[PDB]
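Peer 1: Below, each chain spelled out in residue letters.
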Amino acid sequence: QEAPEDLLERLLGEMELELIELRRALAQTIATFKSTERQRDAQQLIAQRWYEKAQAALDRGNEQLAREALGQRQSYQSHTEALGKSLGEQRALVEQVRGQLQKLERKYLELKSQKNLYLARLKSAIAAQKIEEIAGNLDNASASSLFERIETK
Amino acid sequence: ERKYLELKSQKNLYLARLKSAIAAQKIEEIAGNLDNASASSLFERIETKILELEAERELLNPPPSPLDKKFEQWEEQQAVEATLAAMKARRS
Amino acid sequence: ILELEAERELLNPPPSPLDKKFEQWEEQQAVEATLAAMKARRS
Amino acid sequence: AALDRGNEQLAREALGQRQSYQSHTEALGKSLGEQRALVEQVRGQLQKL
Amino acid sequence: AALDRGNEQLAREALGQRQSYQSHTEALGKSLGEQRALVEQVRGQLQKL
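Residue numbers (full-length UniProt numbering), protein chains in the order written: chain A, 22 to 174; chain B, 126 to 217; chain C, 175 to 217; chain D, 77 to 125; chain E, 77 to 125.
Everything labelled a hint here was simulated from the structure, so no lab data went into it. C-beta: ideal position from N, C-alpha, C; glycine also. It is possible that part of the hints are untrue.
[Claimed, not checked] Only pairs whose alpha carbons sit at most 27 Å apart, straight line, appear in this in silico BS3-like list of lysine-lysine:
no.	chain 1	residue 1	chain 2	residue 2
1	A	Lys55	B	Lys133
2	B	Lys136	B	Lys151
3	E	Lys106	A	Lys136
4	B	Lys195	E	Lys106
5	B	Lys174	A	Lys106
6	B	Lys128	B	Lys151
7	B	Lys174	E	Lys124
8	B	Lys213	A	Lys136
9	A	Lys55	A	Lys133
10	A	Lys144	A	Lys128
11	A	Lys133	B	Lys151
12	A	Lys124	C	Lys213
13	A	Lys106	A	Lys55
14	A	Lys124	A	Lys136
15	B	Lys195	B	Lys213
16	A	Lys128	B	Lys133
17	A	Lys106	B	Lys195
18	B	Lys144	A	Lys133
[Unchecked claim] Each pair of labels, with its calculated beta carbon distance range:
no.	chain 1	residue 1	chain 2	residue 2	range
19	E	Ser107	A	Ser165	36 to 46 Å
20	E	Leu125	B	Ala204	49 to 59 Å
21	B	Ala149	C	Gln203	15 to 25 Å
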């Protein structure tokens with residue numbers, strides 16, 4: 022393997038490439054939600070416009086005109102009722118995924134936090150043994166033997 | 126026409142969950158490594174290497190025994206007190 | 175346009191209905207409390 | 077001079093505008109105080125050097 | 077200033093938000109203390125060397 026500390030950088034780098042991928046993907050979900058929201062608003066306005074004439078049709082006793090008008094309205098209502106309900110469910114998906122995203126960000130940053138604090142102990146360890154490696158030589162008849170052999174000389 | 130447009134409507138809304146799913150597992154794929162002794166093993170193996178190296182120093186430089194810790198600690202108290210015994214008496 | 179505006183919404187989270195309530199609440203006392211001093215200082 | 081003579085609604089609108097300036101005022105003023113510690117200590121760092 | 081004047085429900089929501097920051101605060105604060113022992117001992121390791 023590579024120096025897995027380098028992988029810890031690139032592997033977190035992969036998350037950086039994919040964290041934005043989730044970031045862009047989530048935005049696409051929101052775009053559809055609002056776009057679908059408008060279609061509901063437009064339909065009810067037409068239904069309201071039909072109502073605005075049903076707000077004046079049965080007046081003066083033209084009931085049969087109102088019956089035909091309201092009959093047309095139900096089509097828009099049936100479109101309105103069906104379209105409106107689909108919007109509500111999508112909210113749970115966008116809300117939870119943002120919570121999924123928000124939870125991940127702290128985990129990634131918190132995960133990255135321990136990277137530097139923990140990597141230091143590795144650097145300390147290599148020096149700790151290596152500094153004591155040849156340091157241990159000059160005592161206890163290893164290079165103290167060089168201190169002692171020439172004393173014997 | 127409504128069926129086609131309505132059918133096309135779910136295309137984008139539904140396709141998003143696929144893109145979310147691939148990231149969801151993949152982001153948690155290597156994320157799950159660094160915990161639970163997968164790449165936390167990289168977090169732990171080198172901790173064991175840290176344990177490996179520190180033990181080397183302990184053997185090569187034997188730790189002061191609880192005796193010599195007692196010997197050194199004992200003499201300190203008299204050393205401070207005896208020195209302070211002179212000070213509490215010299216310039217009382 | 176919907177695509178780009180959503181990007182701003184995510185990158186700059188909208189003030190929640192809570193902080194809209196918090197900010198709106200403090201404004202009324204802020205105006206009233208300041209005007210409370212004015213309706214009393216130079217009544 | 078606005079609420080004088082009983083023009084309260086004018087004062088309410090005026091004071092409402094003021095808070096914007098105050099909010100600018102309150103935020104701006106605090107940032108000044110902290111910068112003093114930096115300039116004071118660095119001069120001490122310089123003077124000591 | 078929230079529960080003042082009797083707006084308790086506002087305070088409940090506010091304090092509920094605070095606990096999240098507190099939970100972040102409590103967890104973050106403890107991690108700092110342990111790191112002190114490592115830096116202190118290693119300096120002693122360095123100084124002795």
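Peer 1: Hint check: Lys174 (chain B) vs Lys124 (chain E), CA-CA at most 27 Å. Holds or violated?
Peer 2: Judged against 27 Å, a Cα distance of about 23 Å means the pair holds.
Peer 1: Sort out whether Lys133 (chain B) lies within 27 Å of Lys55 (chain A), counting only the CA atoms.
Peer 2: holds, 16 Å
Peer 1: Per the hint of 49 to 59 Å, is the separation of the Cβ atoms of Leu125 (chain E) and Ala204 (chain B) within bounds?
Peer 2: With a Cβ separation near 25 Å, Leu125 (chain E) and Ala204 (chain B) fall outside 49 to 59 Å, so the hint is violated.
Peer 1: Holds or violated: are the alpha carbons of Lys195 (chain B) and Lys213 (chain B) at most 27 Å from each other?
Peer 2: holds, 26 Å
Peer 1: Can you let me know if the beta-carbon spacing of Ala149 (chain B) and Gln203 (chain C) is within 15 to 25 Å?
Peer 2: The hint (15 to 25 Å, Cβ to Cβ) is violated, given that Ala149 (chain B) and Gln203 (chain C) are roughly 45 Å apart.
Peer 1: Can you confirm whether the C-alpha distance between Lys106 (chain E) and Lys136 (chain A) stays at or below 27 Å?
Peer 2: holds, 18 Å
Peer 1: Are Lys124 (chain A) and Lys213 (chain C) close enough, with their CA atoms no more than 27 Å apart?
Peer 2: violated, 49 Å
Peer 1: Tell me if the straight-line CA distance from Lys174 (chain B) to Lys106 (chain A) falls inside 27 Å.
Peer 2: Status violated; Cα separation ~59 Å.
Peer 1: Taking only the CA atoms, is the gap from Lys136 (chain B) to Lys151 (chain B) under or equal to 27 Å?
Peer 2: Holds - the C-alpha atoms of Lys151 (chain B) and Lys136 (chain B) are around 23 Å apart, at most 27 Å.
Peer 1: Given the hint that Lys124 (chain A) pairs with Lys136 (chain A), test it: the Cα-Cα distance must not exceed 27 Å.
Peer 2: holds, 19 Å
Peer 1: Quick one, are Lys133 (chain A) and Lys151 (chain B) close enough, alpha carbons at most 27 Å?
Peer 2: The given pair, whose Cα atoms are some 18 Å apart, holds under the 27 Å limit.
Peer 1: Need the status of pair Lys195 (chain B), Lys106 (chain E): alpha-carbon distance at most 27 Å?
Peer 2: violated, 33 Å
Of the hints listed earlier, those the structure fails to meet are numbers 4, 5, 6, 8, 9, 12, 16, 17, 20, 21, in rising order.
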